[PDB]
Every structure is written in structure tokens, then in C-alpha cells.
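Below you will find one chain, with nothing else, as C-alpha cells; this is the form deposited without ligand NAD, and questions on how it binds or moves follow later.
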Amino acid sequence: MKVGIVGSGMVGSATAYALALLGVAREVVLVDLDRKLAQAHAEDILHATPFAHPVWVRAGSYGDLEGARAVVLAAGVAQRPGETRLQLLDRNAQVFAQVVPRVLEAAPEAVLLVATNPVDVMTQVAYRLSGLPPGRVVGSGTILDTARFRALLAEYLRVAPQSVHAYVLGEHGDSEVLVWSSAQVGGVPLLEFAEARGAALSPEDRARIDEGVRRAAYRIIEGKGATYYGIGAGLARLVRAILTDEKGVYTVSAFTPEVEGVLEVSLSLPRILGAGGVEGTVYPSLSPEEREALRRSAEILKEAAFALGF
């Protein structure tokens, strides 16, 4: 039960903390070029373990990823003046070019878990770089978005979120697609459910659920500079799924052969997440309207990972 995290910044350390507090893995290994930093986060998290579960948290190099069943790639970040946005992506793809092969040299049988933004394009980058089957490279995707979509719905409907079977699709960016038509609470369609519960989802208060799912990420960044604690626990959950061979269903990003006519693009979709990564993809019922939001999204993403040449 060993997990590696390349990139010992806020996202990766939060993940390590999440893993260690949730007692999911028995060994988390932090790897960063800032071996000093890697070491501080690791030793800090380790000092937490006496007050949680016994998990051996430690910093290392690529060679100590040996045996790790899943390795979280959260190793992007850079400067932000000054330089443009497609230029930050250009230099993060450079890092994957440097980090991917090296991680595969140590943990070839591991599941790659991309967590560097833009999640989806980087996931694409990592898949083609890795030379692995498509189901082994997995991006965080819209798992935090799906949870927010459910959280807002669960608030509006006055029920538990675990009981709101709905999803966010495609991009983890301002082009995601909220699934309403096939959504479901209690065996009844979601839009239908919200009438007996005396609270019809008007196109108004249901387009604000949209720019609430789309804007959640920003209110944080604009408020404290970065986003970490949330994606960290979500990563730790995906890692738990992989480690336990649970075969849960998550809206994570992965290389997709065909989706809405767009070929060879990576985007979120309901995936069965087990010890071999995605074991199967599910294609939810999509109202003719949302299907449009999917391809439009699935085409943005694809023509993104082309400027990059991927």
C-alpha cells in the first residue's frame, strides 16, 4: 500500500496529509527537486501520524517510488507576471517530459494520477508520454466539480449528496457540462424529483448552480492565492480507490478514444476506478442540448492539446 507524490508544493503535501490522516495508504513518498522542501512537508506530515493512523510518510527521490501502486503527479507551477497562459502550459508540459519517464523507470506498474492544471490537457500529455494503456493515466478531472454540483443540488433539494446521482462532464474548466437529464435521486429523474419536493429547478436558479460549480475554484484562488485542501482529499480518495481495487465510479479525466465524435481527447466521464486505473467508461444519457456542451467542450480541449502538439 504505497503511494508516491511527485511535486511537494501545496497540492501534493495536502494530498500527503490527506492520505496520512485518512490512513488509506501505509506509505506515502514525497519527491521534489527541492529535496529540502520535500523533506519538510514529509517530516511535518509524519509528526501528525501519532495523532491519526500509523502511516510512514517520508521524502525521497524517484528510486523510492519503487513499489508505489499509484503515483500522484502534482509538479507543475511556475512564475506568474508577465508570461501568458498558453506559455505556462507550455513550460509545464516540459516538466512532465522531464518527470514522466523518470517515474516510469521506478514504478512501471503504477497508476499515474495527474493533478497539474490544466488537468485534462496535462492528463493527455502524461498518457502519450507514458506509453501506457489509456486507463493507467488518470487525471483528477471533474471530481471536485461533480461534488460541488451534488452539494448545491443536495442543498436545494434538502437531501444528502451521496444520494444525488448526478455528474459533471468533459473539461475541468469554464466549459464543463452539468448532466441534468439523466441525474437521479431515489430512482426518479432529478428535474422530476424536484417537483414533489415542491421546488422546481427553474432555468434561472439552475443556471446559477452552473456558475457556482464553475466559479468555486476561483473564489478560493482570489481569496488565498491557491487551491489545495480540497483537491488533496479528492486525490486521496482516488488513491484509496486504486489501492483497494474498489471499482468506484468517478468523473475523472483519462484518454478517450471516441466521445461525441471527437477522437483522441482526454476529459472527465463516469469511470470505474480500480487497481488498474480506469477499467471501464460509462456514457450517461445525454439530452440533445447537453451533448452540444460536451462536444464543444471536447473540441476546446482537443484543439488545446494541439498548440502544444499532443
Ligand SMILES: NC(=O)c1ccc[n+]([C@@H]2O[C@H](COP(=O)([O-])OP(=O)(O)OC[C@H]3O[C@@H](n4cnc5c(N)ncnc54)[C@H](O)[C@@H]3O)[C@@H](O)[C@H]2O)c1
Given for the second form:
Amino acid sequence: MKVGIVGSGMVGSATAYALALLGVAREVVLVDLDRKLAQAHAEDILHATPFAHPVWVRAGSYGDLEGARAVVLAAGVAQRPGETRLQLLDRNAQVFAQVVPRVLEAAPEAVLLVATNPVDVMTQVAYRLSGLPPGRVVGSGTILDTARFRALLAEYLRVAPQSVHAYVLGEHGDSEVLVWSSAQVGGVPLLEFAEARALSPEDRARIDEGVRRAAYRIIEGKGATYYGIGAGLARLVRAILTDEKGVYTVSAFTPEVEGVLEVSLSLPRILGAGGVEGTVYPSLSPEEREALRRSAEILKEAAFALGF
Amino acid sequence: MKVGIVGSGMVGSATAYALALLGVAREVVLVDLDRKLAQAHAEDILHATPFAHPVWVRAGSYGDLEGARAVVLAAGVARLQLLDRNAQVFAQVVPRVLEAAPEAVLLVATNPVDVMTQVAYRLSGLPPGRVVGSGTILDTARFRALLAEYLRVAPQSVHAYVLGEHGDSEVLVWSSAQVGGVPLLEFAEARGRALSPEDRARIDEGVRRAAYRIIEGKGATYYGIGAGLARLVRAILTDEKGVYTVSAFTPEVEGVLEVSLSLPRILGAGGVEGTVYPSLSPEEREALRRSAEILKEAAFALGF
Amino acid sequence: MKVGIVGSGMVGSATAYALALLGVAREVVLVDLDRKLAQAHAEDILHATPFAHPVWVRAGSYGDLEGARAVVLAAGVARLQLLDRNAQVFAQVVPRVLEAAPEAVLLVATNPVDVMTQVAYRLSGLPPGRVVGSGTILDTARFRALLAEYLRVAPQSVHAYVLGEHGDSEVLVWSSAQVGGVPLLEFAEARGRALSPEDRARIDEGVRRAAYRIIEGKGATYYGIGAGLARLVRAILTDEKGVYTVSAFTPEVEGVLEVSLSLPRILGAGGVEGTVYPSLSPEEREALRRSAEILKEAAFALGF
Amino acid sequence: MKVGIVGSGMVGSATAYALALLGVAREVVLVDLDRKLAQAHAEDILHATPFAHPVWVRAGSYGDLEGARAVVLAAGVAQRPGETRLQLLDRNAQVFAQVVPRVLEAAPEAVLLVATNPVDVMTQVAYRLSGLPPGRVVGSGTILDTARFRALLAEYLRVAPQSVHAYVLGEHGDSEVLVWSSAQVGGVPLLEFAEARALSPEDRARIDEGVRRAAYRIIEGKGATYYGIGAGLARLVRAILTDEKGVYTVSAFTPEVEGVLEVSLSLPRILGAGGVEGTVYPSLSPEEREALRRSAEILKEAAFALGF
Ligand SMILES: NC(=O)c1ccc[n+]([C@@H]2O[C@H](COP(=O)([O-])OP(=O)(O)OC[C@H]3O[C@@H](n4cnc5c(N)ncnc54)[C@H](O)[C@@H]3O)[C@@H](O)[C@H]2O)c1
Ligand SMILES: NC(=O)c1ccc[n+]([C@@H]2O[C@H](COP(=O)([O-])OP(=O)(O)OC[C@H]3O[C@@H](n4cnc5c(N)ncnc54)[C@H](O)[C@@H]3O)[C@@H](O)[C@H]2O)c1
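Please give the corresponding structure for the form solved in complex with ligand NAD, as opposed to the form deposited without ligand NAD shown earlier.
Every chain and every other molecule in the complex is listed next, the one we just looked at coming first.
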């Protein structure tokens, strides 16, 4: 099966690299405005293939996207020193208004995976422009933070990450919510389980920061993040390719969430061949509900300001 | 086990991402004077881990490289004076490394590998086999992949080598290339996919000019070398004893003495463990020798 | 690393084939008084190796089990007196093993696991966590697989347990089963795939009667336990610390003292490292207790 | 993709187990005269699946073989104490005359993988009965012995098996031929390479026996072999499924080999989605040519005696 990636930058190329090294798909096509950029990345990656799996990674045009089961959208522009954030956002939205129609043209059945930051905002824009049902436009959302949250909880409890059940919901950013209340280990309540075989506010704060500020720390000393999202996207693509029906905290147009209407944010969603297939609402505490409501408002606002 | 990487730029970090994605080692340590960069990198990659293999990737000082069975030297830039500068960096690194991990195998990645591997050797005071340069592994693999694509047979069944200096002095060894023990050219004709001189020229530029194409429209190469480097690390960690066209200090080659270039070599827990000299034609032996002196002179110039 | 297997019958050999196919360990040693059988087995499996992972599978004596981090006890047959006979075999094996690999974790596979794990414990003189029986791992996994199939969600998102005695006394823990942190039954209704009492009955027989169906038309079960056993071995070799419903000596449970049965447990390099008591309903707590005494009495009878 | 296996015995079931543990196919169907046998094996294997890969292993009928890309033939009868070998052979041939037509009925495009011993004989019978072109009926042949031959040479040379190029050709049995003459390491001649960085007749004899008598030793202390062929078949199935075009020493109807006509034996063959796709004749020494000629005669003879 083949997967598309429009936007052959650091995020786009890293995802292709992960897809190859992990052998998630037989064919991977990079599409970019800068034709030579996409070709150079495909060839560099192709030189890695003999050392991993037989994956056909190549650069192509929208036409070469035909038959793709999923298409990663990692196209976008870089902010100009001095312009406003809503000016930047508007410019990316223009990029999407060019890309979405082109992609669905060549691969009408493809599930759209939005990766361009801010992912929740771009996920809403991708949805409005596509003309598809909500479930077929999926943003990576908080999958990376949710995973780091479990890893951290597992490192603290001295248990395996697979046994830890924890979610980071809402906006993929500063207003994300760590669902501490219903977090579980082996089906048992985390906080409870820890208080015996605990978690002080200082421990929770240190974990909160290890999760919430990771992107910030990475951008700070590297300029951008891509390796992490590359594998995360790779995993989301495998889920679509294999029709796994696995539960991931990904961004998707949500009818109503805690009061706000028609906004895209991360919630535990069942992911398969046709996109998201159902939401799994976990138990939230008043505080958490409120934070999720807060985070939702922030995105709804950006949405309105942008015309979506 | 534990592997180290000195130089947290694109190549060094790509290598770590490969090490992590393929699940090659248990621990990966990134070392760079720009501490925040190595940490940013190690954290970007640690975000990927839950979606691949349980690899502990983190930044550290030379000291943290303690007990590493292999260390990747990917520091520097990418032009004679440049070599001297990169050479001084190695004079600074090689000691600091062997200091913390006296028994680690050194995997030179910095370009130009052949010369840089030469430098690393003399600077290490270790035996010739414990300092291995990535050399022509990507090219050999690309050579077999193109033949495989052309012949329509699986790459594992194609046996071909790219020897010598990693660059334009590369020697594609067509003379003794094989497919299932059969000479390449007759296997090709037998399959109905004969390799014309033009087909081979096409394949030659495909192998020899890849790097140039990748730099031109991308700026630098790192994805390919990251995976190749990780594969080498695996051969060292699992004492694989497999055969790779990697660069290493060679006593004599086609005429020249004490020089480093790529040849088929058995790679294990202690590094290069033996050489497998393939059959070369008159032409191929020429090139390999001319290429050998090219490196020899450059090495002499640097005082190595 | 190195894992050992005592009892080269179908289960013991299936386990080795799983260990080899999945590439769990570097070395696998098969031990059985019928030397030629263990060798035949180890050789049949060594024929598979080139087509999977580099695992050194071979036959050996207890002595060859030196340095094994885990040893699988799959000796015996498959009825009170039988227990006594199997019990005497263990009296013969447990010592001989701890003798060559004093620090290995014991993985009881011989049926009935619960009772046999009890025997192994008392006979080992090790702490309660170092003797682990396969218990209900296959049933728990089959329970989640059926719910997953029915709900149309991935198995990794389904959290359900089968506790107690591995057999007809199995307790399917429906009360606290979940899917993504949501109670199973309401998640099911929410998805439009509500679980009627008949659906659950269907699933119950699917889990509880599998073994019976497999024996009836095949004679014995070994493929499933071979892979489950290999998974446990991996958790011990990689000090995974994951959660498995395995059998182990338990100080007290729902009323009864010093007995071995299955409960969610954290498994690492030193064996069971902790217990995770899930929420049980009045009914489920009953069964688990009745089942607990069933095992307790049988254990007493054998003098354990 | 789905793979079929008619004959749910030790070889058939072991192959299914390997396919599952290695994740070679998404669906695996066991068909057997003994319906309950096949169901019990599928369910036992299904209990292993949660610990490896999501493979759907089930028992079914010939009809349930529809869409299979490859079908393993491991059906056969056990010799009756006292009957002749040609009587046993004839009885297996009767089993195949029932199976082949049924399989091609439900899965006309499937590649037939013969596993039933004697594999070369059964491979010829499978070919004659099928009505397909030669390349679509493939017997496991000497893949296991060829692999053991390389492993042994590699253990002796202290090099990796992947670098060693060696073949065991002809009949899968006592008359198989170890191609010592053109055996290579890193493209270089084995014997030559060893004599420097050697191989005495005592060393070759010890290796010959480690290869040629392995099956005998296994049958002797176990009664039958299956684990080895299970993974070997698994690998052959992966090659067909992925259209790998890899070179394997497998049995197939060969027009002419060293003089004998229309006989099935192992030769280095290119294996892909459509079966064998071309033979790779390595250099043979007079002695080897002769042994191969000898081995071919033996099989041609059995073939005639059986009516194939
Ligand atoms: N990863 C991060 O840390 C981060 C931070 C801030 C913003 N973002 C956003 O995420 C996107 C991806 O990040 P990245 O590092 O890979 O970015 P990048 O700047 O390296 O690459 C962006 C890619 O999208 C391409 N592109 C732009 N318009 C296009 C169009 N109309 N059609 C096809 N391709 C087009 C570019 O040519 C380029 O290859 C960025 O555009 C940016 O807008 C990412
Ligand atoms: N593996 C060995 O060491 C070995 C040795 C000698 C002979 N063989 C031959 O190889 C075959 C496979 O060996 P195995 O151990 O798995 O054998 P097995 O005896 O355990 O199973 C043979 C299977 O083929 C089935 N079968 C017979 N006729 C059938 C028909 N018409 N349709 C569908 N199924 C049918 C049986 O019912 C059984 O499930 C044997 O039949 C035998 O003839 C194998």
C-alpha cells in the first residue's frame, strides 16, 4: 500500500524516514512545491532502505498520489520576522486551500493526516476545505505528549508503559490537559495504586513539565521538532493501513466538546482504515473538564478569527 | 547494549534516530559541546521511542560514554585546509573518547571518511581494526539495489562491490559482480535483461552522483548514512562477523602503503577482523591504486 | 541471553520454537532424560533458525543450564494421584535446576499450573516471586481478543482479566473490564455493539472451553502455551516489569492462606514483583475464593 | 493476504504456527479431511497470536481457500507396516489427485507449495495433476539443507551466514549434492579463501554429515520433522506474498537437468508472486555434475514407476 506526504520538509521527510525504517508501507510518495527538495529527500532515504526494509520511497506529483490510503499534510510556511500570528496562520490556511483539493483530486479515498503546526487549527482548516465527513481528517494532536505522559508515569511507578493508561487531551500545546483523575495502571486507579505499592504535587508538577514543555525545550535548542512526530505519524499511518481500530488521542473535528461547538482538538479516538471511527470519553474531574473547556475555547477562537 | 555518538548535528542525530527506530541498542548517548543541541535531539528522538523500541536515548559528556561498545564520530563540517580543521577536532575527540570507553570500536562518519579514518587511527593508538570508517557501504548497497531493480531479482542475491575512496574515485567492481554465483553479465543476459554499456553508465551515475544530487536540492545528506551507520553498529553489537565495504587502515593496497580506504571486510565486536580481496580487472586495479595514492598524498600532507 | 527448558515434549519444544521464531533469547537449552528426544527437537528447530533469528538452540544436561536467567518447567503428563507423580518429578527437577542456575526464575508450565507452581515454590526454597506459573495468560488474552473482535476495537485497548485457577474455576472479571478507561458494557453500548447476556455466555464458553475443544480433536495443546510462555520469558529477560495474569504463591487471597493462583502481577528480571488487585463484584469474589480453597485442599493433600 | 494449507498435520500446523509468529500473512486457512483436527490446531495457534502478530488463523473448507495467494500441500498418508514404498507413494499420489483439483477449483491463481515427503516426487505429481505451467508448483526441496550447509560453513569460517554462498541441489534426501566447488564467501571462492584466512577431507565429511543426516537424526529420536520445514515454508510463502524474486534451492518440474528429462528436483530458482521465475545454474564440477545426474535419475525412475 502507498502513503502520500505533501510537504517534504523536516516533519515530512522524518515521517518518510520512519515509515521506511519501520516498514509500515510498501510505497511512500513525497510531494513538494520544491521538486528538487522532495527528490533529494527520497533519494537520501532510499539509501537507508537496504539497511531496513524494502520500501519504495520516491518524490512525485499530486497525480502520483493515486491509490494512497493515507496522505500526510506537512506543508506550511515559516513565519516572517514581524508579522502577526494570525497573519502566519492565514498564510498556512492558504497553503491548505491549495493542497487539500489537489490531494483529494488524485486520491479521493485517502484519509488526511494533518501534521502542520498548530495541528488542531490546521486540522479544522483541513476539515472545512475537504468536504469529507469529520472522521477522515485526522491531526496527530497530542499522541506524543500522551505517550510521554505514560512513559513518565511508568518510570515513576517502575512498571511498563503498556500497563499505564493515561491521556493528554485538548489543544496540542500549552493548554493541553493531563487527565490525572482517571489515569490507570493495570485497570486500577493510578493515584490509588501509587499511594501504596504515591504522587505528591511536586511529583505531578515535575511530570507535567516533562510533558508540557518538551516541545518548547526541543525547539529552544534545535529550532524545530520532527523526529518525534515522524514516528508518531508513522504509527498513525500503520493504524490506518492495517485498519487496527486502535485508540489514540488525535485531533479531529468534534461536534461539541464540553460546551464549545464545532472545534478540532485531541480526544481518545478509535483509528482505522476510514479515519477516526468513534470517540472514547474517559472520566474527567471538574478541574480537568474546565481545562478542556478552556483549551477548546482558545481553539474555537482561533478558528473564528481565521474564518473556519 | 550501549553506543555513543559524538557530534549532534544532522548525521549524528539521524544515526541515533535510526539506532532507536530499528531497536539496535539499549542505550544511545549523544555528545556535543553544544549541550542544548544534543539534549534537544535526544528529546526529539525520545518522543519517538514509545512508537518503536525501548531505547534510552540521552545527551551526555564524554564521561557518559563509559562502557560503550561502539562510538560514532560524526563531528565537524563536510578543500585541503578543511581537512586540517576537522583533523584538529579529532585530535581533541579521539583521546577524550578512548579515555572513557577504552574498549569501544570507533566508527568514523565525518567526511572525507577515508582520510578522517586515517587520522582517527593514528590518533587512537589502537590496532588498525578498531577504527572503522563508514566508507562505501551506502554506494555498495545502492549498486546492488539498482542491479536488483534492473535484473528483477532480490538485492540479497546480488553481490557487487564499490571499493576505494568514498567519492568520485569510487570503483564499481563490475568485473567480479555476481548473482547467485553466476557472473552478473551472463546472468543478466540469461534473464533477458542484458546490461548494455549505456545501462551500466546509467547505473554508474546512479551510484556515483547520488550524493551530489542530494546536496544540490537538499543541502546535506544524513538519512542514508544514519541507517547504514546503525547497521554497522549492529554488526559490532551482535559480533555479526558479516562482510561490509567499510574504510580502515590498510598496510598495503595495489601498491601504496599505510593508507585507509574501503574494501570488503569482516566486522565484529572488535571491529574489522579480516579482509576479503575480490577479483579486480586491469582497469579496476588501476583506479583503486590511483585512488589509493590520492588518499595517501592527502594523508601525508596532514602529517598522517 | 540464555533460557532453559526442562521437559522436551510438545509443550517444552513448542516453547523453544516460539523462543526461536520470535528471537527472544540468544541461547535456548532443552533438557530431558530422553537425550535423543531433546536433540531431535533442538535440531528440528535449528533447521528453522536461518529463516528467523540467530538463536542457538541445543540439547543439554542440567549442567548446561548454567547462567540461565529463566528455566521453563514443562515436564510430566497433563486425577489426584497424577498430581503426586508429577510432584515427585518436580522434587527431582527443582533441585537439579537451582543447582546449576541458582539465580534463574522458574516458569512452571506443567498442568495443573496452580498446584504445580505451589509444589515448585515450596521445593525451591526461593522467595515467592521467583517461581512463576503460566496460569491464565492464554485465557486473559483470549478474553480480550474476543471482546476486541466483538466490539471492533484493537486488543491493546481492551483491558479484561481471567483470574484464579486455570481451568473451569476460571473467573472472567467482567465487572471491572474496561476499554480505554471506560466500563466495558457502556463502551459496548456506546459503540452500538451492546453485550447481551447471551453474547457474554458465548464469549465465556469461547474462553473457558477452548482447551477442551483443542484436546478433543487434536489430543493436546502446545502452540498457544508455547508463545505465551515465550512472552513471559521476554518480560523476564528484558526486565519488562509488565503486567500478566500469572500463577504464583500468594500469602492470602479472598480468605484462604498460602496458595497459588493467577492474579495480575508485575513480571521482571526477578520474577513476580508485585500484585495489582482489580475490582471484583460479589459473585466474582465468591468464585475466586471457592476456587482458592479448591486449590488449597488439593495442595494440602499433596503435603504442600 | 491469505494463505492456504491443505493437510493439517505436524508439518501443516507447524507452518501455520510459523506464519503466525512471523506475521507473514493476515489470514491462514487450514483444510483437512479431519475437520476437528484442523479446528483444534487453528484454535491452539490462535491462542498464540496475542503474543506475536494479528494473524487470522482458522480452519475451513476448500471453498474457504478463495483468494489465497499460495497454498501449502502437506496432506498425505502414513505408511502401513509391511506395504512397499511404491505402494505408499501411490497412496499419496491418490491423496494429491483429490487435493490439487479441489484447491485450484477454489483458488485458480494460487501458487502450489508442495511439502509432503518425498517432496521431489510429490512435486512432480502435483505438477502433472495441476495443469499449470511448471513455475507455479514449488516444492520446499533442499532449502533447509542448503541453509544448514551455509550455517556450518560460516561457523567453521567464523563469518556470518549471509556472506556465505553455498547450495545443496538435487533430491531432497540421501542423494543430495553439496556444491563445494563453486561455494563462495564474499564473492570469493570458499576453498581458496579458507586455505588462507582451510578445509580438509575430514572437515568436509563432518560438514556433509551435519547436513545430509540431519533429517535422519531428527526422525530417529522424534519420529518426524516439522519445526524446520514450518519456518522454511513460512519463508517461501513470504517470498511469494511479497513478490521478492529471491533465489532459493526449491523443487520444480525441470525440462532437462544434466541429461535426464522432465523431472522435479532442487536447483537455485528465482521465487516470486507467480512461482518460480527462472533457474540459476551455478558452476558444477565433474563429480558434482555426476552426483546431480545420479540424483536426477533416481527421481526420474520413481516418477516412471508411479506414472508421472
Ligand atoms: N516542527 C516544528 O517544530 C514546527 C514549528 C512551527 C511551525 N511548524 C509548521 O509545520 C510545518 C512543517 O514543519 P517542517 O519543519 O517540516 O517545515 P519546513 O519549513 O522545513 O517545510 C515546510 C514544507 O512545506 C512545503 N510547502 C509550503 N507550501 C507548499 C505547497 N503549497 N505545496 C507543497 N509543499 C509546500 C515547503 O516547500 C517545505 O518542504 C511548517 O510549515 C510550519 O508551518 C512546525
Ligand atoms: N515430516 C516428516 O518427517 C515426514 C516423514 C515421512 C513422510 N512424511 C509425509 O509428509 C506428510 C506430512 O507430514 P506430517 O507429519 O504433517 O503428517 P501427518 O501424518 O501428521 O498429517 C498428514 C495430514 O494430511 C491429512 N490428509 C490425508 N489425506 C488427506 C486428504 N485427502 N485431504 C485433506 N487432508 C488429508 C491428514 O488427515 C493429516 O492431517 C505425511 O502425510 C507423510 O505422507 C513426512
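Only residues modelled in both forms are compared. Between two forms, the rigid core is the largest collection of C-alphas that superpose within 1.5 Å. Numbering follows the first chain given and starts at 1.
Superposed on the core, the two forms differ at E289, whose C-alpha moves 1.3 Å between these two forms. Per-residue C-alpha deviation between these two forms, core superposed: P133, 0.3 Å.
CA movement of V77 between these two forms equals 3.1 Å, with the two forms superposed on the rigid core.
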